[PDB]
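Okay, here we've got a single chain as structure tokens, the form deposited without ligand SAH, with questions on binding and movement later.
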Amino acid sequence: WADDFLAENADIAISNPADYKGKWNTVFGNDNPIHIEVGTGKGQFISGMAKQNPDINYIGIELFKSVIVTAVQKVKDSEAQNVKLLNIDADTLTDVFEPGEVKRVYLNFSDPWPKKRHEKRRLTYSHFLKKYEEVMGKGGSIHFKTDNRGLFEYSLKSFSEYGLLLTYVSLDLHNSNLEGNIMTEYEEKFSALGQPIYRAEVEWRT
């Protein structure tokens, strides 16, 4: 079963992440920056980023146990030693990291939750911006990609209301020559479609 697979690969899929709060450098065995992805899905993005940037430590967060099993297999097939995976939600980030332990949050094709009464479930809503702040501290950035126009418009306004600085914005990423862009599985199936991929980098003011 999926639960046996994750128990057997517990060196990648860390079962006790709260035990490493403030000590994640001892987990990776170096003092390199830790970047996280909230919503790893099947794990092509974080595996690709781990192989591209071996001097960056990566931690994928993925609530959905069914899909994280796949992420563990792609991390294993990658042979990258700089990536762990946590089967937790965004609310638990503050149980796992101290302020400043994370340098960057990746969000890729987050659930848009388009209905007004579901605003608080969007991963760009103010509550999650605060969770990201509590793990990144003074500096820190969010690198955000979505195909959903409603979510990206909402996110630009949410980022702005929170007081973040927009340093990068593309309203058509695949025609914008972002060198070293690592696609998610979902993103790969868009260049043929022709619909724009939206991208933002936003940072805390210092």
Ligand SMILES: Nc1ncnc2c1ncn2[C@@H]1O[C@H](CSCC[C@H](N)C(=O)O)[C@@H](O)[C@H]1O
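Numbering follows the first chain given and starts at 1. Under this definition, the rigid core comprises the largest set of C-alpha atoms superposing within 1.5 Å between the forms. Compared with the form solved in complex with ligand SAH:
- After superposition on the rigid core, the Cα of residue 191 moves by 2 Å or more between these two forms.
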Second form
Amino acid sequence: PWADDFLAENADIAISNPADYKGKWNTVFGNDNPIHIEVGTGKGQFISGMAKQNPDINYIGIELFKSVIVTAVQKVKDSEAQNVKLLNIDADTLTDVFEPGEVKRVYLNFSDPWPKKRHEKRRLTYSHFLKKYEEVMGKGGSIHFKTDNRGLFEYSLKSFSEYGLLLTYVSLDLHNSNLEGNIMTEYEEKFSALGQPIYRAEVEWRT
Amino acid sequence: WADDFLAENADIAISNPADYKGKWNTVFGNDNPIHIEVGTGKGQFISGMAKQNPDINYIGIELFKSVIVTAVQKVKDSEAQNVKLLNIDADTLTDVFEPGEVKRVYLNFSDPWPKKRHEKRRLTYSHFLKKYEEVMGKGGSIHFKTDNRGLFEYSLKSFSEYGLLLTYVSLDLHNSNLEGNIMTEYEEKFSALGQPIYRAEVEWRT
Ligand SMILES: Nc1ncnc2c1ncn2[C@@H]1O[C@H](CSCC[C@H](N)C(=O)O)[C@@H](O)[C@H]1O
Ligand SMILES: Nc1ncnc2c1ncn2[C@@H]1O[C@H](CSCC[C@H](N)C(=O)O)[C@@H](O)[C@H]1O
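Can you now output the form solved in complex with ligand SAH? The one shown was the form deposited without ligand SAH.
Let us now look at the entire complex, which starts with that chain.
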């Protein structure tokens, strides 16, 4: 039972035309709380938790795989969170969806590592996407990155440094470094069970 | 008192390094690049890198004379002539080298000084980052490896805040194949129990 008409019925959580609201996302939520976005909201357990945890922040999740954003809309439907919208769009469309400074933070969780050299350009921490984040947040923004992948994290650290961003937080073992209020992602729960360390970085723009 | 073998081996352990500021090419006899290690220890590292790379001039610094003696002995057993050693504190680096005279600085398993009041004693603190810039110029780099998650985590932020560019970073050095890697004494000990060894390379922006 493949369900795509499901996303049309819940068009109040899954905005089927997000480009229309560029510059006007404050009207979409009804308040001017800061908008934080997650670029890879696979299954929406994280975004839902951060919403319930922080009612005074407006969360917008982005997902490319429609097979999995469906699960995300269901978690937002169950959590009854009213400060969560979801976009089934590609990260390259960020500048068509948000005006500079409309976004205040970007959350990156367990993104695809694309280990091969030819696929650096597809990594969500590559300078192309680093630019897209600068273009929607301005220089008053930050990136909150967590991943299990040593390769992707190692690369991301260099990529942040090369782009000129300031490292304000870095953990090389998140579940042994006490972080108050940490919402685990689906991928975080599984690789945590595996006893593998989870890396976390906070990176922000210089001003 | 006494018990110093350093006077007899004054050709490896330079007992007056401030005299040679600006003139270290005369101390070696060539213009091979000068790499320095801060916090040498028993000298296993500096000796290995010297024998491995005869075309680089290595100068190791150590504060405790009890342990630099072991370092001069390892340099004595190896036949490397491109190793000098200084029994001095990292602060006097600007009294020993002219800007641009040093090309790289090696930091291995430095003291972490975990509590906040002793941040200023850490060898990756902005004070020392300046001292390294002042002896290397903008053409220098730092090659840091340590077992300490705390110190590495801090150092990465410290490098970023100071404005240095991260060109290499390993969060598991013995699973990331590094070809020219010479293990330090402390590296061998913390390698036991499989603790991960972190490594970073940072260089100045231009
Ligand atoms: N360019 C892009 N735009 C949007 N989503 C993307 C993307 N590239 C990858 N993704 C999505 O990002 C997710 C990363 S894997 C799942 C991560 C999730 N935070 C978790 O921890 O469970 C995948 O669902 C993938 O399809
Ligand atoms: N400011 C300073 N100047 C010089 N040496 C210092 C120093 N602070 C600490 N040290 C020395 O640096 C060493 C740190 S322990 C590391 C030993 C060696 N690098 C190894 O990896 O095996 C100790 O010998 C300590 O006494």
